[PDB]
Structure formats: C-alpha cells, structure tokens
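Just the one chain here, the form solved without the named molecule, laid out as structure tokens.
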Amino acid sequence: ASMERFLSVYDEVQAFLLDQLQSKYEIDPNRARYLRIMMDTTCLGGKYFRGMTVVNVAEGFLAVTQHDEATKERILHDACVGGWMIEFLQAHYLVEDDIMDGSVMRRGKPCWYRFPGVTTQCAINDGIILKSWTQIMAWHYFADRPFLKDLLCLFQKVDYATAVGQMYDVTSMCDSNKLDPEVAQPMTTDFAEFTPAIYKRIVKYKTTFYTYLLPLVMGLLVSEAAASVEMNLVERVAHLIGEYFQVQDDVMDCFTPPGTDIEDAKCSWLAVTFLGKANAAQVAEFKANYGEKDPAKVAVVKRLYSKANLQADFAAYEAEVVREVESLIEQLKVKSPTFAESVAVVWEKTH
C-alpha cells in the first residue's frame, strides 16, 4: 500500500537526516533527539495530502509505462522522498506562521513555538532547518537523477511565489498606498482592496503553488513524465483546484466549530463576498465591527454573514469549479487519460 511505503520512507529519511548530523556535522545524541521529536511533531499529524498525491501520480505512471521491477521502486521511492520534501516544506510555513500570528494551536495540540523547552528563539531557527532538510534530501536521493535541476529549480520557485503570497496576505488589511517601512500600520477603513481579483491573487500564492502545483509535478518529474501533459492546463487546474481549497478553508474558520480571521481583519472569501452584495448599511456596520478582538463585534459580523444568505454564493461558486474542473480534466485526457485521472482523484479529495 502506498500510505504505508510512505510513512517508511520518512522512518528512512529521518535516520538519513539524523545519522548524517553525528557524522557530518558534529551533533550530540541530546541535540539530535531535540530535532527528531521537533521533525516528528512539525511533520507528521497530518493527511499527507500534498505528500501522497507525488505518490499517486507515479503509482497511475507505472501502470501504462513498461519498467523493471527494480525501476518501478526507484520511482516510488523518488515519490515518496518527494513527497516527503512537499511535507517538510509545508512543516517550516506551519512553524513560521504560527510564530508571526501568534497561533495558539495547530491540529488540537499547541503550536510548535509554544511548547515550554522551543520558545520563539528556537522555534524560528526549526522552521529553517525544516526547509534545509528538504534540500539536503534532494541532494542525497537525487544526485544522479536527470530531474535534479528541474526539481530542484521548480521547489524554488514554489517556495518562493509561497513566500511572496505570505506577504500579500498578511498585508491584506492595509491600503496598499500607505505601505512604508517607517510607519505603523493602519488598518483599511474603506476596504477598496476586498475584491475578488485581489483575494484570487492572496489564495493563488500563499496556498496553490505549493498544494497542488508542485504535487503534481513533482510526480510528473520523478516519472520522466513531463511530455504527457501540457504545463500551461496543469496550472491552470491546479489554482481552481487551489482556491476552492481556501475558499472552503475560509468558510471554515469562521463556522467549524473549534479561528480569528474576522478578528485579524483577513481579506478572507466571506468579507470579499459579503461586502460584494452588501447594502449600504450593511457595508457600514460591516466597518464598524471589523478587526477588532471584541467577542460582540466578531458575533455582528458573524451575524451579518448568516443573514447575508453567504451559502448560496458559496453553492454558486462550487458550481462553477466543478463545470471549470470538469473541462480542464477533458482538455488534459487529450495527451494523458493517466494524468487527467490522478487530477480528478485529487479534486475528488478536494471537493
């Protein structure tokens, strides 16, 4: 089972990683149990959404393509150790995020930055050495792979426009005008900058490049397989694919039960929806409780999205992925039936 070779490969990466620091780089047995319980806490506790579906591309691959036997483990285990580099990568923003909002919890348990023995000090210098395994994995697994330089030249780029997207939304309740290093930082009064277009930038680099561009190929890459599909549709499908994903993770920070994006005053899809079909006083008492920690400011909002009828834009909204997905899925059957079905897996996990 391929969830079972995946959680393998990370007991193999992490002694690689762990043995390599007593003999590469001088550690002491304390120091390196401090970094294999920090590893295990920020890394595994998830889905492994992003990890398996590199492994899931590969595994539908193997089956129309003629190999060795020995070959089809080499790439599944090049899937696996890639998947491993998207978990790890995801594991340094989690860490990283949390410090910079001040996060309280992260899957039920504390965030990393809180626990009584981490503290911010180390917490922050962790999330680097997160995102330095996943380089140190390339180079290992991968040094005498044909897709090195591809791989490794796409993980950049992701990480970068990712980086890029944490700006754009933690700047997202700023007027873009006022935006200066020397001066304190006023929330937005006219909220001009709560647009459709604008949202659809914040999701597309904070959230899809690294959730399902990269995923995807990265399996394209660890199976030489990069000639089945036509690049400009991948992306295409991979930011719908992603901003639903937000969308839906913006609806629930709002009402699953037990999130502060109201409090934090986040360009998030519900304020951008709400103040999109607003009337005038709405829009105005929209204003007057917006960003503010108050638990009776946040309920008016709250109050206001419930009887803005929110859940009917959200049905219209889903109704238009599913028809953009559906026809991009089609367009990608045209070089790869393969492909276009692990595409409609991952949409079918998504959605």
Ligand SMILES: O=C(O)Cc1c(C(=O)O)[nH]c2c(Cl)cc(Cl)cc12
The other form holds:
There are 2 protein chains.
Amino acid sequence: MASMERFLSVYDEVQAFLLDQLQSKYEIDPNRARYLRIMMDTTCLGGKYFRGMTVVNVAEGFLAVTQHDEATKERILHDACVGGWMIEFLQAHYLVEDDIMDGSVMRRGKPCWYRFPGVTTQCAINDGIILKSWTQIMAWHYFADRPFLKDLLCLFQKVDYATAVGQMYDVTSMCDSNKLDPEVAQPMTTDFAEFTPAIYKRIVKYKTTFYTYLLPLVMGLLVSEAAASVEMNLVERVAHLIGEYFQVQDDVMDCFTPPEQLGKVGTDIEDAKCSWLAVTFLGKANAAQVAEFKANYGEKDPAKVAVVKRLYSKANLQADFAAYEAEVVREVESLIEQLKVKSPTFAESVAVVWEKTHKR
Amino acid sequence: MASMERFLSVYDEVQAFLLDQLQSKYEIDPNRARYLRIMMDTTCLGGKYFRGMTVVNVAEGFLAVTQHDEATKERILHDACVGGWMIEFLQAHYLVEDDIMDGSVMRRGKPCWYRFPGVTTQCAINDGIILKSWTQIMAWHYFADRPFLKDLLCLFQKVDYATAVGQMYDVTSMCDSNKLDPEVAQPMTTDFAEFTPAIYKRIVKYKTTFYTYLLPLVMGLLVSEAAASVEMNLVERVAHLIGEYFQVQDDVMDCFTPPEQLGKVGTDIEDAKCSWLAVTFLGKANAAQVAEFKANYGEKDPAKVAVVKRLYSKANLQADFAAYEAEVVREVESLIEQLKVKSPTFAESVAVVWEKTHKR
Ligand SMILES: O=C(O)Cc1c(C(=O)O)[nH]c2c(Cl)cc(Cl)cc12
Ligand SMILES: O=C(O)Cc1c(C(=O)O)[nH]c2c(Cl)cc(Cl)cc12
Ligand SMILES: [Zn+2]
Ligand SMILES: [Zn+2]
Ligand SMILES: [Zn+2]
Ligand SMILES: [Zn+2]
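Moving on from the form solved without the named molecule, please list the structure of the form solved in complex with the named molecule.
The next block holds the full complex; its first chain is the one shown before.
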C-alpha cells in the first residue's frame, strides 16, 4: 500500500474513533460531533503532511532492513501513521492558537478557523485546546500496550513545551528584553540590538525545529524500536540545522512570495518580527540604511512597508541567502555522513527530509 | 508540618525547578524568566487552593492508618503537594483561556491576566498553554520513577479532555443544537427548549466536576497507592454530585453576590448562559413569566438584566435551592455511607470535602 494513501486512511480511522468515543463516553450529541468533525477536517487537513509523512518514511526505511512478520510490519506502519497524525494535530493546535494570537486573516488559502462565522474566538481557543487533547487520546488508545509509550509521551510533552517557549521568544522578539514587564505596555525596540543571528537562531530552534523536524524523526525511530541504533546528539544537530533553513525559507516567502502562492498576505514587516531578512539586513547595512530601516520597520503604513522591502532588494539579500544555503548544504551533508556510521537507513531518511525541504 | 504551609513551600520548590530548567535547558534569559515567574504567581496563587489541598487531605487520611517509614510519609506528602499543584496549574490554564474566550474583566479581585498592560491576548493565550505544559513537566520530573505515573498521566489527560469538552458544552448552551454550524453565525435560542435539568447536568459534569472533585480525590488515592481500596464507581458518583452542587452555588453567586465579595461583575444573564437559575425558573414559570424571560434574557441592557433578576426573585428560587440542597445533602450522605464499606478513611475525606463545599 502507498504511504500517502495509508496515512490518509488512518486519518479516517482516527477521526471515527475520536468521534465515536465522544458519543459513547462523553455524552456528545450529533450536532456537536458534526461541528468537531468539521473543525478537525478544517484545521488538520489541506497541508502537505510533511511532518506526519516523515514518521512514516523513517519507519518504512527500517522495515526494508529489519526482519518482521507481515502483521508486525502492518502494526509498525499503522503506529507510524497514528504518531504522524499526533504531530499534525499538534501543528493544527498551534496554527489555530497562533492565528488568533496574531490576528491573522488567512491560512492555507482559506480564512483562519476563528474567522469562520459560526466559530468565533470564544470557540476557537477551546477548539485549539481540544486539538492538542486529541493527540493524547490517540496515544493512550493506540499505543496502550506499546513498549515505546512512555518515551513517546515524554518526548512529545518536551517538544510541545519547547514550542510554546519558542512562541514566547517569537512574539516578544521586537521588544527590548530589559523592558519586559506584565505591568507595562510593551514598546517596540528602537535600537534593534536584539536582532542578531544568535537570538534569531534561539527563536527558530524552539518555535519550529523541535516539532517540525526533531519530533517526526525521533517518533519514526520510537515506533520502529530503533532509537538505540542512532546517535541522538547527531539527530538533534541535524534537526536544528534543517529546521533553521526551513524557517529562513518561510521568512523570505513571507516578504516576497505573492499572496496567491503563499495563501496569505504576509505581515512580518508590519509585525516587526525578528526575521532572517531583518537580521541579515542589519548585519550588512551602512548607517544611513540602518536609520531608514528604523524609521519604517514595524508599521502598518503600506508606504513604510514598501520602503523596507526596497531596502531588502537594494541590500542584495539574495546573495546572503545563497551563502547561507551553501553553508547549510555543506553542514547537512557532513551530519548525514556522520549518521551513516551507525545507520545508513536513517541517514537516507534524513537525506530525503533535506531534499524535500531544500527543493520545496 | 501543617498541610497548607507544606503545600505553599512546595509551590516555591516547583517554581524554582521550572524556572531553573528554563535557564539550563531552554536557553531562557533572566527577563523572560521574570515575566514567567510573575505570570505563574498571578495566575496560580490567590485562590483557596481547594483542589490542590483535597489531594493533600486524602493522602493525610491514609497516612494516619497505614504503616510507613518517616521518609515514605514525607515522600507521599510531597507527591500529594506536587499532584495538587498540577491540578491548580490546570485550573490556572483554563481560567486564563476562559477569561480571554469570554471577554472577562476581573478575576480574584484583579484584572484578568490578558488585560495586564504588558501581557495582551497575543501573549496570554500562549501563557495559558505554558501553564498546562508545566503540569506535565512537573509530573515527569517529580514522578519519573513512581509506580502510579502511568495511571496519573492517563487520568489527568482524560480529565483535561472532559473539561475542554465541558467548555464547548457551556459556550454553546444558548444556541439551538440543530443550528450549530461553523459556516453560519450562531443565533441565540428563542425557545429555550434546551434549558433543561438533564442538559444543565451534562454541562456542569464536564466543565467543572471532573477537574474540581474527581481529579483531586483520585489523585489523592493514586499518590497513596490506595485506589484498589475504594469502589471507583462510588467515587465518580459522589464527585459528580458534589461538583454539581458547587456549580449551582457559583451560578446563584454570579447573579446575587455583590461584585466586591464575588471579585467580579457577574454577567451570566447578559451572556444567556444555561445557569441553574434560568433552568429552574423555566421549570416553574407560567406562560406570561416565560414570555417576559424570553424578551429580556441574553441582553447587555441593564434594564433587561434587572427584569430577569426580578423574575428570579418573584419566582421564589430560594425555595427551589433549599429543596435541591436538601436532596443533595441526602444523596451525598448516602454515598458517604456506601464509601465506608471499603474505606472509612476515604469516606471521611469525602465528608470534609462536602463540608467545605456546603459551608463556603
Ligand atoms: O527569490 C525570491 O523568493 C524572490 C526575492 C525577491 C524579489 O522577488 O524581488 N527579493 C528577494 C530578496 Cl531581497 C532576498 C531573497 Cl533571499 C529572495 C528575494
Ligand atoms: O441567598 C442569596 O445568595 C441571595 C439571593 C437573592 C437576593 O439577594 O435577593 N435572591 C436569590 C434568589 Cl431569587 C435565589 C437564591 Cl438561590 C438566592 C438568592
Ligand atoms: Zn505567530
Ligand atoms: Zn512566517
Ligand atoms: Zn467561560
Ligand atoms: Zn459562574
């Protein structure tokens, strides 16, 4: 059976299980079950399923080199799909909540969930809560007797916590750290002293890389009972390297990909985000360019946004991206080589993950 | 050592552990650690600690009748305090998110967390996420080697899910179920056919009783390794009975307790909530009283709110509350008697929980 089709069939199974349990154990009525079914479909489906499919791909890699009964191969693939959906539902939770936190308008070419007429923020915050609760219901039901259940739940909660910490790093990245104070309304920075490569790397590591690359790779190893087969420090290093590149691509797309292709009107400039473009620009700008950036960044005014986009184009940030990309290709290839010492199979899944990221 | 003082000392220990881990493993800077320390204090402290202290009280009950080394008694009490704080932090998560969902103004005589000038909804949604993530960090750290870890995490995630389902039942209680639809803005009911005792009991059971009574009682049994000592079906029945009474008290207080004592301006009438007062009023009103209720309920207009409060006073709902209370006293005493068959100690903790609820 083809990987994507198995993955999508498992979504139907998981959905039916969750909705049937709400009826038999939670006293749900048919109308609220329908609302939750539509919420699950709208928030969980329509993406590329890159995170979920990475778990499946890692597990398939090991099945090709490990001896198992057919029933065991089916069980491992079904566990990889359920684990992959845990990650997709975790992402769905953070997209719902982040779109509300940021006042976003569109997501995946459609309105953000909270903007649906019959949803509203009052419901959407709780719907996002339910999405993450469903990841735990899935784990306890499908993996009840599995030897990896403890390790999987412990890893999943560390990654979820790291992600929430990353969201805090992201939403506060335009403020001066010494001025953070719940009692005082937060002004935007004027000096941009905290727009540095090291601070940018911390935001990205926590807000994206743990759940987008580390969790799918390690979940694939856990469902395969193959973690003792790899060097965990190399898995962490390669995940944080590919994840950073993935976020740099997203930051560039936010500013330069047309809204039809991107599926939204990007507002990182208006939001004064500590993006790869702003940090890189400040890393090469002269005094006049820095001054013009400070006078225009973080403002809703489209003329001020146009000035910032022009500064980025005039600063030839394409050259910096090509240099960054060449360095990442180099380091990712080095880590893949080190991963071959203990597992050529796992190093190959990492090469596939990299190729899919680099070529998207 | 006195129960409350041990419980509060453990808060300091848990706080220091969480903040120190953010520094050593999550690359946090001192300013963001301070923001999170103030967020934890503001959202977790200041209440009565009824839920957390129930875990401690149940564990103390068993220590009085069970043989243990002194070091074991200290370990069980410390585990009961950590488990009690898991529940208090879970409540802190739901209060932060519910205040944002409901547009609430005050909580515990102070502004709701999202209303603090340096917080905002953008941060507060994520702060509420972190509060629940901290419950899992606490469990995995303090209970890593405990025999009850699996049962405790499985119970905690079922209770959290039941609570989020309850929040959905609550926020949609003023809509007609057949009209629920993410695509269509939801009108308030005109017939109030879903304001019935059975529907009210479902909202309350899920939104309050699992986390306020069931979870503290069962967590006290788990940390004491005493679950096989009680009949779980009686624990569930007594928890859902006391929890319902607790919510009925809160619904009456929302409408009639002055804002200074309540710590907020109650708005259940304006919000068209399916409260004990509305269901009970509709259960005894004549046609004219029903018609006047329909013309005034669920409106911000203070004159319309005053009409509803007058209808409640004229309908002599105090008599219905006294009859409900007499019936609860009767059923709670019956369940306490049944609990004595297997454990006089546990039945006594249930009597204390009831006395604290009934006399508050
Ligand atoms: O390659 C693109 O996505 C398009 C693109 C444009 C542009 O469209 O003018 N400008 C860019 C700059 Cl300044 C930096 C980087 Cl890294 C990419 C681009
Ligand atoms: O006992 C109170 O909390 C006060 C109170 C008042 C009132 O203050 O007029 N009115 C009530 C009604 Cl209609 C029903 C119930 Cl059960 C209680 C009250
Ligand atoms: Zn965001
Ligand atoms: Zn972006
Ligand atoms: Zn609410
Ligand atoms: Zn209330």
